[PDB]
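The chain that follows stands alone, in the form deposited without this ligand, written as C-alpha cells.
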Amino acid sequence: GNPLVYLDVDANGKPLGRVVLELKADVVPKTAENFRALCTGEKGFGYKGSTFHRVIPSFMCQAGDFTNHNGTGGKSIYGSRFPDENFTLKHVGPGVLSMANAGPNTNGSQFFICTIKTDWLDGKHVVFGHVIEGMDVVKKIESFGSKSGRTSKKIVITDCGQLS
C-alpha cells in the first residue's frame, strides 16, 4: 500500500515527538516517491537535520529546505525542480501534507503541513499526503510560529525515515 513515513522533531534541542505521514502514491506517485526518498536519505541527501523555517499559526508549518534552511533552497531526487503532478487531492483541513512552491512546476523538497483548511491553495500546490499520527506535535510546532513566519524556537527534524 501507500508509504508511511516519519519525522522526529525537536524544539530548542528537546524532542516534541513524532509526526507520521501517509503518502498518496496511488494518486501522486512521483511526488510521494520524492518525499519518501528524502525521508530515508537513500539518495545521499534529504530531510535529516533540517528545519521548519516558516511557521504561521492558524495556517501551516513549512519545512524541507535542507540546502539553504530559509525557503530559497532544496532539491528533489529527480533534479532541482519537478512538475506539478496533479491537483486531484484538496487542502481539506488540518493535517494535509502539500508541496511548497514558487509558481507552477517548481516543486523541489519544501513542503508544508496545514493546521486549517486552506482552499485557496487548491489547484496551485500539489497535495500528496496527510498526518496519520502526531497532530499534537504539529500543534506544538505551530505554536512556535508567528504572523511573519519566523519561528520563536529552533524546530529541527532530527530523524526521519520510512515505516512501511
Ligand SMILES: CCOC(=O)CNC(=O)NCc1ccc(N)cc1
The other form holds:
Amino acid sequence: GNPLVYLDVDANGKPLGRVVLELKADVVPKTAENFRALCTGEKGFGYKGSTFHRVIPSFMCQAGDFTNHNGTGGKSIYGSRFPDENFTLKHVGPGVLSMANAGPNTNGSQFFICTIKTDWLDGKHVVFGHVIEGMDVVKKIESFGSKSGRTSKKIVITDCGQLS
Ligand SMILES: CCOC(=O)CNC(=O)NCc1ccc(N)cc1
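Switch from the form deposited without this ligand, shown above, to the form deposited with this ligand bound and output its structure.
In what comes next, the whole complex appears, and the chain from above leads the way.
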C-alpha cells in the first residue's frame, strides 16, 4: 500500500531522531512518488544532506532545496516543476505533509510539515502525507525557528530512505 519513508535529522551535528511519514499514494500518486524517490536517492539526487531552511513556530517547518539551499531551488524527478495533482487532502492539523510552491503548478522538491492546522493553505498547496512517528522531533525542529523563518541551528537531513 502506501509508502513509509524516513528523515533522520541533526541540529548542529547532534542527532534529533527520526521522522516517519506515510505518503498518500492512493490519493496523489505522482506527488507521493516524487517524494519517495527523492528520499531513496535512486535517480541520483535527493534530500540527503539538505536542510530545513525556513522554520516558523506555530506554523510549519520547510525543507528540500537541495540545489540552492535557500528556498529558491530544488527539482522533481519529472523535471524542474510539475503540476498541482489535486487538492483532495486538506491541512487538518499538526503532522500534515504538503508541497511548497511559488504559485499554481510550481511543485519541485520543497515540502513542509505543519505544526498546527493551516486551513488557509487548502486549495493552494498539495497535501500528500502525514507524520506516523516523530512529532517530538518535529516540535524540536520548530523550537529552532523564528518569525522570519531563520533557524538558530543548522538542521540537516543526514539520512533518508524507504521503510516499506
Ligand atoms: C508554507 C509553504 O510556504 C511556501 O511554500 C512559501 N513559498 C516558498 O518558499 N517558495 C519558494 C519556492 C520556490 C520553488 C519551489 N519549487 C517551491 C517553493
